[PDB]
Amino acid sequence: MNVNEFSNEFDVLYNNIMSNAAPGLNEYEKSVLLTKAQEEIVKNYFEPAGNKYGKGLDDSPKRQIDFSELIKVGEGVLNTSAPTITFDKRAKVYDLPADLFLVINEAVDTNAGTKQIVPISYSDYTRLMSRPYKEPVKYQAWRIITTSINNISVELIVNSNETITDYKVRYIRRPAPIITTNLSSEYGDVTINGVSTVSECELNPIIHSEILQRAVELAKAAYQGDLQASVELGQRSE
Amino acid sequence: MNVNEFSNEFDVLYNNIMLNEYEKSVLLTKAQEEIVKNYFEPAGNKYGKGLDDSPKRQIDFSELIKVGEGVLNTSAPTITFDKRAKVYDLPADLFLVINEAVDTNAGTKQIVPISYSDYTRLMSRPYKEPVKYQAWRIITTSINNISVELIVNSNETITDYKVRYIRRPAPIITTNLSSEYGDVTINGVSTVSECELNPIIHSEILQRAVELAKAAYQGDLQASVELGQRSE
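Taken in sequence, the protein lines are chains L and Z. Residues 1 to 238 (UniProt numbering) make up the first sequence, in order. Residues 1 to 18, 25 to 238 (UniProt numbering) make up the second sequence, in order.
Everything labelled a hint here was simulated from the structure, so no lab data went into it. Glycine is no exception: its CB is placed at the ideal position from the N, C-alpha and C atoms. Treat the hints with care, as some may be off.
For each label pair, taking beta carbons as the anchor points, the in silico distance ranges come out as [what the hints assert, rightly or not]:
| no. | chain 1 | residue 1 | chain 2 | residue 2 | range |
| --- | --- | --- | --- | --- | --- |
| 1 | Z | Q64 | L | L227 | 41 to 51 Å |
| 2 | L | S196 | Z | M129 | 36 to 46 Å |
| 3 | L | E202 | Z | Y139 | 49 to 59 Å |
| 4 | L | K43 | Z | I149 | 54 to 64 Å |
| 5 | Z | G74 | L | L227 | 12 to 22 Å |
| 6 | Z | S130 | L | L78 | 44 to 54 Å |
| 7 | L | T86 | Z | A112 | 16 to 26 Å |
| 8 | L | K43 | Z | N111 | 32 to 42 Å |
| 9 | L | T86 | Z | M129 | 45 to 55 Å |
| 10 | Z | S130 | L | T191 | 47 to 57 Å |
Distance condition first, Cα-Cα at most 25 Å in a straight line; then the derived BS3-like pairs of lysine-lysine [unchecked claim]:
| no. | chain 1 | residue 1 | chain 2 | residue 2 |
| --- | --- | --- | --- | --- |
| 11 | Z | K55 | L | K36 |
| 12 | Z | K134 | L | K36 |
| 13 | Z | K72 | Z | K89 |
| 14 | L | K220 | Z | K138 |
| 15 | L | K220 | Z | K72 |
Based on the provided sequences and hints, a complete structural model is requested.
Below, the structure written as structure tokens:
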């Protein structure tokens, strides 16, 4: 469904049938609520505990097809542009793509073959570095986030006497906002995520109805406006 | 009822089952203007019903309803209160507006006559545009006419502006006033003028004129103030 259909069925589901009908929502408000509902839905469906099914990214066909249009593959750029201080002397710093929402798969291609990057926790890092070896298992590499400015910088730890040729990252692209109409105005240009032009929902049509329902629920919680509704509907932001 | 019938049956009601024709014309013109206002406002009449609240009220204003286009006021380069306001002149014979629509490139949009309070409220928010099927309208500097600022959404152009309104009633005159009365006019017309309204409301216009005459001739202050309540 295109943006006009988002807005028309938003109006239908919000106030065109309600008995003591409420004021219609302005297009900026509808775009804001739709973008919020989109992000909430993405976060709810990525995490199993966030939805009533207990199903995350790839726990069912529907969850695969939900994020299928939001998956992207890119590469981390070696961060030798400027000097820096790494926590580990034997780690190579890489910069992830700017439009990164969530990392789901990483791999590094070295001279000793491809290796799956395992994101190790800080307590896990301490445990592993208290051991005599201090290097990954055969077909794996280690990873920790380092000092990041304006984009995520990442330290890749591989086994000794190994060089990294490329660093691929299969991630979830940051969703683009849903903007119903050109938000340009003479009184001031308002933006949802830095863009005023019309922006279609760049995800699969399977969850457009879900985004619409969530947006309507958020609109009605805003209309109710007491602390109660804000608190319970803020639980699903996550 | 022809004007002769108005004058003749005024005598039946006012002269105890049988005034100058100018005085009768003045009162009949005043009576219809009262009746139009009272039956327009729901609170002005005895039934609590306005323009479209019953079949009778619809036939009452049926012959006054007129549809006309507003003309762009590009001749005079005046100053508008809103940046994106296009000044439009309304028809000269305008009494009360009841529907306004504007035809843009994006589509027809129903004009909402927005109050001075609501404007300040809606213009204190981030976006400051109407809803996607509506336009705003506020009256602006007007000279011997009605001028309206059409504040439609930016990124849109106005191609048309239709106004459905109540036309100003013509005077009721029962004789050529210039024949006996030097240069007296009722609303700028000295000759015989018929009632331009539906025959359904002719009786109420005649009855109101008779009441206005009797109160005017009785001369009591209380009667004048009491029946002056219904003048709005």
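Looking back at the numbered hints, which does the structure fail to meet, lowest number first?
-> 2, 3, 5, 7, 10, 11, 13, 15
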